[PDB]
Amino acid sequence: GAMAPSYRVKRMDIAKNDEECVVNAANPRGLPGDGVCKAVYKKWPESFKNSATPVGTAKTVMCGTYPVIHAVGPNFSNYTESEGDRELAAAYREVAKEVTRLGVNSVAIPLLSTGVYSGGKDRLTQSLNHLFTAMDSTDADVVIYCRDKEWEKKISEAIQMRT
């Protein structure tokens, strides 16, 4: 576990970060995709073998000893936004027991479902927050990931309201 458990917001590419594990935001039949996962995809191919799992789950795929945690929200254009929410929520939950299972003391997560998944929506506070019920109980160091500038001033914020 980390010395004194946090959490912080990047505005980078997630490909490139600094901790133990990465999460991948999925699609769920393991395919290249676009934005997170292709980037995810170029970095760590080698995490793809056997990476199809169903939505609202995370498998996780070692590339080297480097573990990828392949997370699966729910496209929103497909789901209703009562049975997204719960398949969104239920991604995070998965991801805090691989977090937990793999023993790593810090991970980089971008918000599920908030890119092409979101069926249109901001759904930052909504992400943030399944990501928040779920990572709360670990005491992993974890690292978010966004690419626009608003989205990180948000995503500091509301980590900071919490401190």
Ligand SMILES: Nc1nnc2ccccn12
Given for the second form:
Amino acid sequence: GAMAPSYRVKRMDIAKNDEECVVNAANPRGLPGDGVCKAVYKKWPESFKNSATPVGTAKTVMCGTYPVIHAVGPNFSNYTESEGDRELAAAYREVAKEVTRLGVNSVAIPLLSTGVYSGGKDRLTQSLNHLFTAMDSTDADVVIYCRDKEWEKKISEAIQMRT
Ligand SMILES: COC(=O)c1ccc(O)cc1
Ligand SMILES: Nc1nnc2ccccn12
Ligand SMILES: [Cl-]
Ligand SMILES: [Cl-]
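For comparison with the form deposited without the named molecule, please write out the form deposited with the named molecule bound.
Next comes the full complex, this chain leading.
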């Protein structure tokens, strides 16, 4: 575990993380995909061997010794707000189990279902709160990756509010 487990946020490409493992915002079919998923495919293509997994689950595939945790959030275009919220929470619980199993001291994580799976809505708070619910009981240093300047400020404020 980390000596003083923490949350941090960084505004940069998650493919350039400084953590011991990465969470991919995957699609269920293990395809190269869009956004975070395509950056992860370019950096760790070997990790897409048999990476397909259902919505609400996470599947880890090693690239060398570096773990890629493929976490499948729901596409809110297809799911109801109610069912989507349940699957989004479940995906993060499966990420916490994998991070714990791997014994890493740090993990790089994106906000699941906030990009092309958002159904055209702002889901920063919804996704971040499900991340906290899952990860608060783990002792890994968690570094949350985003790309938007106002998202960085809102994520930073949410972390500091609890400290
Ligand atoms: C924090 O998000 C990313 O790491 C990211 C990488 C590549 C993209 O095209 C989009 C987002
Ligand atoms: N998760 C995330 N980081 N930056 C952005 C920007 C728009 C929508 C989602 N985002
Ligand atoms: Cl960058
Ligand atoms: Cl997304």
